[PDB]
Amino acid sequence: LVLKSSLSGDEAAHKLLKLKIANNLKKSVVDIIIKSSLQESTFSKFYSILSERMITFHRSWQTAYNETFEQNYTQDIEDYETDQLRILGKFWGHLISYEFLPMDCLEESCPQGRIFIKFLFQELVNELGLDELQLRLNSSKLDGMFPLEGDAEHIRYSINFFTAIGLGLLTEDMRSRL
Amino acid sequence: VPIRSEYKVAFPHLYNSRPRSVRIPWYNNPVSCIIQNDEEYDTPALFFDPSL
Amino acid sequence: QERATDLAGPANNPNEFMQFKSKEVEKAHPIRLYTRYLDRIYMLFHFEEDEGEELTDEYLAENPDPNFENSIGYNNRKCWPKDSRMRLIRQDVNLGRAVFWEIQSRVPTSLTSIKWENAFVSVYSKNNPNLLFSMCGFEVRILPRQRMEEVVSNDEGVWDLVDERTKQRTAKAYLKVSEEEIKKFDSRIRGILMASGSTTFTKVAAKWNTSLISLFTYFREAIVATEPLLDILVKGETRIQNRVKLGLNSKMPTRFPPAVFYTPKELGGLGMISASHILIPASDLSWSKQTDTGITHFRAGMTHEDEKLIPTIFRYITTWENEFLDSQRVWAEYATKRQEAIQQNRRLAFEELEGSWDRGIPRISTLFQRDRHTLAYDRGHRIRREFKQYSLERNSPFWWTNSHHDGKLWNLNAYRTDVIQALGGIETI
Amino acid sequence: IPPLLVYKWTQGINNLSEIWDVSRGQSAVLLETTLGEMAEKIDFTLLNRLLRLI
Amino acid sequence: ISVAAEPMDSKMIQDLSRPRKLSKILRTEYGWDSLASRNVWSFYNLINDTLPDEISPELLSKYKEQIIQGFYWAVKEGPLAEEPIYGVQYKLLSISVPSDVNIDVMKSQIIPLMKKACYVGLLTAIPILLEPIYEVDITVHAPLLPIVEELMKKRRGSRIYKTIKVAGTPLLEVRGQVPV
Amino acid sequence: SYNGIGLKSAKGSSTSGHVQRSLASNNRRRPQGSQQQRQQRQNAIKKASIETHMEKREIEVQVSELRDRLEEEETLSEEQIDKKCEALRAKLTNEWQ
RNA sequence: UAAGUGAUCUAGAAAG
Ligand SMILES: [Mg+2]
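Protein chains in written order, with the authors' numbering: chain A, 297 to 402, 410 to 481; chain B, 377 to 428; chain C, 1128 to 1556; chain D, 1020 to 1073; chain E, 708 to 725, 744 to 770, 774 to 908; chain F, 2 to 50, 64 to 111.
One should not assume that every hint holds.
To be verified - When the alpha-carbon atoms are kept at most 25 Å apart in a straight line, the in silico DSS-like pairs for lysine-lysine are as follows:
(1) C:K1392 x C:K1334
(2) E:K790 x F:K70
(3) C:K1205 x C:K1242
(4) F:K70 x E:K746
(5) F:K9 x B:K384
(6) C:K1372 x C:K1362
(7) C:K1535 x D:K1060
(8) E:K844 x F:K70
(9) F:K70 x C:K1362
(10) F:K9 x E:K790
(11) E:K882 x B:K384
(12) F:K70 x F:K97
(13) F:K12 x C:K1435
(14) C:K1150 x D:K1060
(15) C:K1242 x B:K384
(16) C:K1242 x D:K1060
(17) C:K1435 x A:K314
(18) B:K384 x E:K881
(19) C:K1378 x F:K12
(20) C:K1362 x F:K97
(21) F:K105 x A:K444
(22) C:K1310 x C:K1515
(23) C:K1464 x A:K421
It is worth saying that the hints were derived from the structure and are not from the lab.
Throw the hints in and build the complete structure from the sequences for me.
So, in structure tokens, the structure goes:
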């Protein structure tokens, strides 16, 4: 109701904060928000804005968000239909383009999840700018998204995936390993 | 400073620009006045003794 | 002539809107983009420094300016704030004026009157970072993010403008419902209220909904930013409510809990479609009109509530940018599907496209309605609809769209469903 | 649709090449205005002639 | 003209806030500076020396009242904010005086030029704005000191130096510093 | 109106005129500590980047000292002190090339 | 190392 009885995301965020729900229920709240976002036909800036507001507000909310994210890619991602999944990815990208730290945990794991990842990447590209985005990625530890070590043609799959959605540096990586 | 509206009515002619029909407020001393509630007579209770 | 021709393209294969067969050609002339809208033209000139200077000089020659009264009597956009509105630099201001003069010279006054009081000249420069303009009822502030200080989190209302080559969200464009549109809305509300001493509360409510829907469907994204519009909505809604309460000869705030208004007609209520229970953005009106702004301190919104959060129509309307992006996606998808069908030799079924059925502009579903062949010959229809205003007494409030050619651009059954929930559930009601 | 049109226009403005650059003083001027009384001052003779063309 | 810049001693400055030989002696007493510097010195408002090599031979640098007038302007209206200069020395290093001499230009030119030189010196010397600080006295009751502390914390510059106990009374006469 | 922010008047408004201060406001205020990250990144990106006079000063000091000495011990006449001072100056000059 | 305090309009009777 709060989410839907609010013009901008900011207002919604404020309303949520008014409630002052316990550090227990923050995760639940986040989940609910995510669900709501999914429900809407396409990705809205509103939800993202709300998330940002929450995130800035407190470390516990950040933690909750992180937890939610973990839950998603791990166990709740494969349940969603495509459009919804895409929307979710976009939202996550938005969150991660600025507010979140790029911390990401990613042959077997490739159906819905892979497409979600792709969507996220696209979102990031849109927000940032390709080269800049790449640089940012490099800056963080990032072993899951781009594993540096060759590991006997395991990076080939990743490269292929990257190629499927217009991206760079993969080729360079491939060259490096031989 | 955020220039709160608390400060406006305290120094009207200063902090507020174009004040009109504004009366002047008071600006006071502090009231050390101690009343005994335990039925006792002339006691330094709430405060502390001199040095010497 | 030549420029016009270039804009058009060649006759055998003309350009689409704002596209050119080459970049060099586009570069050549000072004018870049044109669009007349219904006798309200929009010209984007892109000058170099040398070019600008010459123009300025010419202007000076025409009309000497020793006291410097060119910034004075210059159409700037009061809706925006003093920092983000067009800055009055003695170069930039002069340049715009010169341009305007040139334009005026180009047409004879006898054929059409291009007045300075009518006109507006925004100028992007090293000193002016906000390319501002009002189109169609929107006030758009295009602010490139390279010029922006800290590239803050994308708000709601802002369209992130995208570079088509690199796919980068390279600029921002902030929206606000132009004051004229707000005024129009207010007028409409007044009309609805006036000449309604009788009317069945429900009829009035319906009218209000229609008005509100028109307002919100037309500028979905662009409402959020404009506070005046929000205020008006709050006021308008309240007025509407009071109309109903006027009928019942009271207006005692307890005797009309939101139940009676927002409850749908299918539980005996009026079934209004509120946009009033929003906590409006308040701000330092000292620093609001002046300089710069941020969303701090919410104002009350409309009523005393029993912690009954009545949902708001806006959250059930897909903001325009999103819609456009969706359209871009699903039309491409549709095309792909068609191609596939062709390859495989089949008629493309409407059950396969289900999923992206009520998604797009025009809504995908405009292809496969059972009366399409005839509407393909109805060309120049939008214009006709627009011009309807001058033929009819009471006009369409949804002139901008048209169901048959576009499909239902909004849907509000979800809202209906949720209002009841907000009001406790059915039992409570 | 008008909002769509507006969006398109915005995109175009963004998508013009070197449009936001201000290194060499590339001054972009957006002029907007009404063609005042454009309906109210058509001559019918001239109009007729114009029509005859099309 | 080339003029240097260096801050005076904090104690010295404080003293200042609260006959050439005599002046020199005083200076020595204050900061234990060199005697040459003392001899050259001639200050206002802060400090102005005339300590090059050739000035003792030269008669151009001699008669420096007019010159010092120019400096006063600089002191009044500094470089950073066009706001007054404080706790600064100004020792001359060299003076570019031409062969041709005219009383109208020589003085007038110096007037701007001196100020400019001063500004340059300031720039060189890692300049910093100095805001003032109010010394504060508050006289809270006993139990409200924490509140006061909190308030102080909330303001940017702030320092509770000592919470003096006002005898025979509840009051905690708390000395403070708060930037104006 | 409180801190320039409340709605001017309760009438007209068609609303309570109540004013919750937002908790997005705080967020907006704060990220110079937590925007901060961006700033840090920027910093990281751009992170890597007279003797004669002194001699003269010394000479002057020496001269002053000499003068003081003269004042202290038998030099009411100027010629003597001046002479000695001159000599000292000469010596100094010799020392510095 | 520091979030989350407060601002809350109204308010019906006659005749037409
Ligand atoms: Mg009558």
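Which hints, by number, does the structure contradict? 7, 9, 10, 14, 15, 20, 21
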